[PDB]
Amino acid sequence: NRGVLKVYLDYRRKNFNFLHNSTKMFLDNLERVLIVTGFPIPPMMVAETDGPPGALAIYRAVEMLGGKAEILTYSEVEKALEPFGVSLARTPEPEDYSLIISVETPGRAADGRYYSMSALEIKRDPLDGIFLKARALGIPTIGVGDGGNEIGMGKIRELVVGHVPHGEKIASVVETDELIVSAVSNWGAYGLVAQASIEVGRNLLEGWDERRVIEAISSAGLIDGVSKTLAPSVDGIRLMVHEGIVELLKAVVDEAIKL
């Protein structure tokens, strides 16, 4: 392997665990959260299955905590999320939110373009603009990504450039206050929810049906961003594996809050 996660975990400041600060920022700014997600996969430019499940999980947590959330994403993803009854953000402006979060969303590169991990150019209307504005405004932002070309990855751009294939070209320059790097962005989101959970003594993952969420967005047309498999999946990893890690997080969370 030669990905971002590998080197990031080796050379990141270890004063705290990798989710700590994102959790801190998350819990302190729940008033009105804007959650961005959606990653068009070239050449077809159809949104993938990694990101939406994560965004939905964070969405739930926000409201379970008395806050209010909205989702900013592409049309095909809005449709895939239709069955879950999530509030869709219309004409969102950064000043209207206390926190803005990106779950696996394309981030413009140094050349002003958006690239997939294979250096194929993405041609869809971008969603990172609102994040550049937030940073300029001083509005808290958190990004979750697993490759190096996502919103929030500007925070560790030298890492991507120096250890990731086509780093110079695909590494995004879009920074976020806090960044979450994982093997699967959905997991990264669930990690934040799990840590927020033990933090507030509530299991915010309770009732999360991983298999059902993936199968639903898959049915709606959302594709795997890594393989051509027609079966419901995420990043070339089978359903069994995704339900598997969700259960580990649920179980560890449950044990901790029941202490």
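Positions refer to the first chain, counted from 1. Only residues modelled in both forms are compared. Rigid core: the largest C-alpha set superposing within 1.5 Å between the two forms. First, how it differs from the form deposited in another entry.
Remark: with the core as the superposition reference, the CA shift of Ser219 between these two forms stays below 2 Å. In the core-superposed comparison between these two forms, the C-alpha atom of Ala231 has shifted by at least 2 angstroms. Taking the rigid core as fixed, one finds a CA shift for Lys24 smaller than 2 Å between these two forms. After fitting on the rigid core, stretches of 3+ residues whose CA atoms all move by 2 angstroms or more between these two forms lie at 10 to 18, 228 to 231.
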Given for the second form:
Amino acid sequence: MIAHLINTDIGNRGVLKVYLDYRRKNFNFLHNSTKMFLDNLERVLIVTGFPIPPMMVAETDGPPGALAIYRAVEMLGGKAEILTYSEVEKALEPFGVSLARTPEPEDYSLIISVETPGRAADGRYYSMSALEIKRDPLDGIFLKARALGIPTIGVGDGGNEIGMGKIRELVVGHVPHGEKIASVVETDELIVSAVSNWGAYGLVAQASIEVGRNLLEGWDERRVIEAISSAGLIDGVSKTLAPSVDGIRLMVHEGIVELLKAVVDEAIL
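Having displayed the form deposited in one PDB entry, please output the structure of the form deposited in another entry.
Here we give the lone chain, stripped of any partners or molecules.
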């Protein structure tokens, strides 16, 4: 089971307990997110980028997952665009990604978020340690998407990201500073995972099984993370230019991607 794997025990009690409760009530959240995904591939807007205090620089968690989704959208026949901050744009350049310009919800068939800050109750943006984020927000377009009724999907691994507002109670209860940190921004479908990137791959993995083709094949976790790390995107925990994400080294992320590919291939045969 993909939804389970992407939530593997990291050492982060919060996310795990959120997953347990969230899943007890929405057992098939990953599949539901996948149906919405598959049904609206015409023109997908993908948003990522999470500034990290005190520098306010974007981290390694989120961009890779976005890239993986983008790649899958095109393989399935749709078009995609990415909405992020400057550094993240530079980091993804080697991959020739279409960058969204003066985007309006109406223009897209689906808008997905991978590790993007979501407004808290007090209208402010917070990191997992309760440090206010100072930088132009990206969640604004989701509020408009929701008001227009345009399909929305959120991926997060902490409680403070876009789409997390759907399970705000779970965050307040299981995560530190949850009351002040939890985002209120809702999403039509939500994917919770231990590492946002993983949640992203899980979507692709499930889509792959739904379609009968492994859309994850070719993905080189190592290369992608080294590339964006080189380009200046920092690790969210060590807050340094280490080739890792969420304080975890590549062997673990690489292992999850490989198992995902394996599970997908098995299910397809």
